[PDB]
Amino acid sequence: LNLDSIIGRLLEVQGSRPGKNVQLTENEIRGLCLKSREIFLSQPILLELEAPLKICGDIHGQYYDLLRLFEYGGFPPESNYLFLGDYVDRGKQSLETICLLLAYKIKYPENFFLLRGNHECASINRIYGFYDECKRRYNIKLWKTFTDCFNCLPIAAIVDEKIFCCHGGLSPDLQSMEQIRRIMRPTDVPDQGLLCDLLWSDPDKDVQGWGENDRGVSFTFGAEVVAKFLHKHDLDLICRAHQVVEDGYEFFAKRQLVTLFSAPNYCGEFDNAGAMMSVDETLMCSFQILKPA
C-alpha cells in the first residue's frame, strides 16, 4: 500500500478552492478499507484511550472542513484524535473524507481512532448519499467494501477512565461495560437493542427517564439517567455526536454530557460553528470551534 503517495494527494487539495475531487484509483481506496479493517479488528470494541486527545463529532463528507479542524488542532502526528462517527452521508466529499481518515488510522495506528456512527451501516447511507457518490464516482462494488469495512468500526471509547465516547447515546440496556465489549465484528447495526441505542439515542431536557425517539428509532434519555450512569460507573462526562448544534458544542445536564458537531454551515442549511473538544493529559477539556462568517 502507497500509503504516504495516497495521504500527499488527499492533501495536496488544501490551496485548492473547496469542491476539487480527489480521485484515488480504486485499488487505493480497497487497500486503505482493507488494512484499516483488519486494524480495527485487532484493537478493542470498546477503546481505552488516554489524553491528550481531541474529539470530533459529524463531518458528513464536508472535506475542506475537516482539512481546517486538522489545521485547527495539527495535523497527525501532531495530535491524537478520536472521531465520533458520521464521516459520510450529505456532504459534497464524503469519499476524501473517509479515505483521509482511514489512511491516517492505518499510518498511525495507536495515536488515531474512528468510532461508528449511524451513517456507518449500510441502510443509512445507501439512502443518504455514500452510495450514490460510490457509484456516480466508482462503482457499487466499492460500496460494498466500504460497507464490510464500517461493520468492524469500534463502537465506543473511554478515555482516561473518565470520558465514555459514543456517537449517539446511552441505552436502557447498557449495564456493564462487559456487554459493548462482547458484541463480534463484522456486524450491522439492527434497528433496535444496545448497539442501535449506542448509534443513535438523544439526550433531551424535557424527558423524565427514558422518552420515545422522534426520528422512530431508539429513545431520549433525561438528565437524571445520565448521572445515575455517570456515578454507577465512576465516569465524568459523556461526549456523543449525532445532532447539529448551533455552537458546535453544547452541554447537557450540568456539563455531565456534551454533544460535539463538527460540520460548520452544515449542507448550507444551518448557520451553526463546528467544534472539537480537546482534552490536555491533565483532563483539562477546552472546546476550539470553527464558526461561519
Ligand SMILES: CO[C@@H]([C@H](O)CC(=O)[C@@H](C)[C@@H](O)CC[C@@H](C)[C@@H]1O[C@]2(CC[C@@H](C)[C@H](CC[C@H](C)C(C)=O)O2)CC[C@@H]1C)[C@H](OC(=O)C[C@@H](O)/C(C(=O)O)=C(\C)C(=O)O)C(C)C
Given for the second form:
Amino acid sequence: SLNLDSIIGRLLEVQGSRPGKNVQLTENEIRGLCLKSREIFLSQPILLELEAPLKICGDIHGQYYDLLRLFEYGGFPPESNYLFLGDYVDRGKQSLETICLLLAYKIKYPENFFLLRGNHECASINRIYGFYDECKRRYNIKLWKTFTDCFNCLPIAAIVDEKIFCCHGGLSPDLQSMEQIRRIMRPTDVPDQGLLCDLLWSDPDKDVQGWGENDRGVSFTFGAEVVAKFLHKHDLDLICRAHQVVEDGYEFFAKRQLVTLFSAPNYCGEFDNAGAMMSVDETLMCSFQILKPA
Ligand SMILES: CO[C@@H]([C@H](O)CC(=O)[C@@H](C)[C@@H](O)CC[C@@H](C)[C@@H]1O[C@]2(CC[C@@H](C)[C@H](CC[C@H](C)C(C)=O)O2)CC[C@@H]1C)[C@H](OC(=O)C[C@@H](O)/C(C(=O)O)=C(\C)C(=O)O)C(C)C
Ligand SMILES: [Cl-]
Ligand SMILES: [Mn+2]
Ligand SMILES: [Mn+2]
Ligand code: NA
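Having seen the form deposited without this ligand, could you now give me the structure of the form deposited with this ligand bound?
Below: every chain and molecule of the assembly, starting with the one above.
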C-alpha cells in the first residue's frame, strides 16, 4: 500500500532548493510511515546489537536541510549504515520532513538503518518545544498522536560490536545490567524517573563526583569515574551519546571514554556550533564528518 520510493523521492527532490522549501506528504502517507515503522521497531530489540562500520548521528531537531547534508557527506542510505541517537523533532523548522525521511529509510532498510529514542520523542516534551504546533499547523493533532504512538515504540540503546554503548542521554544509577534495558516493555511513555528516563535525559559533567542533580529538572549528571567504572564493568570501550549542543559538533569526555555528538549546526539559529556525524570503521576506529557553522 505504501509507495516508499515515491515518498523518498519527494523528500529528496528539494535538495538544492532554497533551504526551507517544505515537502508536504499526504496525511495517509505519514500515517502509513508511522504504522509500518512502529511494527518494525517492535519487531527488533529495545537494546540494539549493531555491527560496524556505520555512521552515528546526534540531534537533528527538525533541521531538515542539514539532515540532507549529512546524507550527502556520509552517503544516502543504504550506502552507509546509520544509527541516529534521537531528537529528530522540536526546535527546528522542518521536523515533519526530518522524521518522515528517517521513518521511510527505516522501513526501506530496516536492518541497515536505526533510530533511537531521544527525550523529544515524547508527547509531553514535543507538546512544548515545537512538534505539536508544527503538526497542528501542517496536518492535524490526530496525526501528532499517530507520531506519539510510533515514538513510544522506539528502541532506547544500541551496542556496536560489544564495545560502543550508545544512547541519547546517558548513564543511569539504576543501570546495573543490560538485561534491565532488555526487560523494558513497549509501547511506553518516558517516565518521570528511573532507568528509561535517565537513558534519555542524563548528562556527563566535568565537575560532578559520582551522581549529581541535573539542571534540566529531570534525571542526573554523572562524572568521569562513573563512566570509567561502567566501561570496565561491562567490557566496553566507549559511550556514544548526544543530547547536549557542543561547539565542535562532537566532544570527548573522561579521557575519551565518552563522546557527545550533536548533528544540527547553528542550533536553533541561536548557537554557532558545528554539527558532527561520527564514522565508525570496521575496527571501531572513529572519525568525523562535520557541518561547519555558517
Ligand atoms: C535551560 O534548561 C536546559 C534546556 O535548555 C531545556 C531542557 O532541558 C528542557 C527539555 C527540560 O528542562 C524540560 C523539563 C520539563 C518539561 C519537566 O517538566 C515536568 C513537568 C511537566 C511534565 C509533563 C514533565 C514530564 C517529564 C518527563 C521526564 C517526561 C515524560 O518527559 O515533567 C517537571 C520536571 C521538568 C522541569 C539547559 O540545557 C541545555 O542548554 C542543553 C542544550 O543542548 C539544549 C537542550 O534542550 O538539550 C538547549 C539549548 C535547548 O534546546 O533548550 C541546561 C543548561 C540545563
Ligand atoms: Cl565520577
Ligand atoms: Mn535530548
Ligand atoms: Mn536535543
Ligand atoms: Na542505511
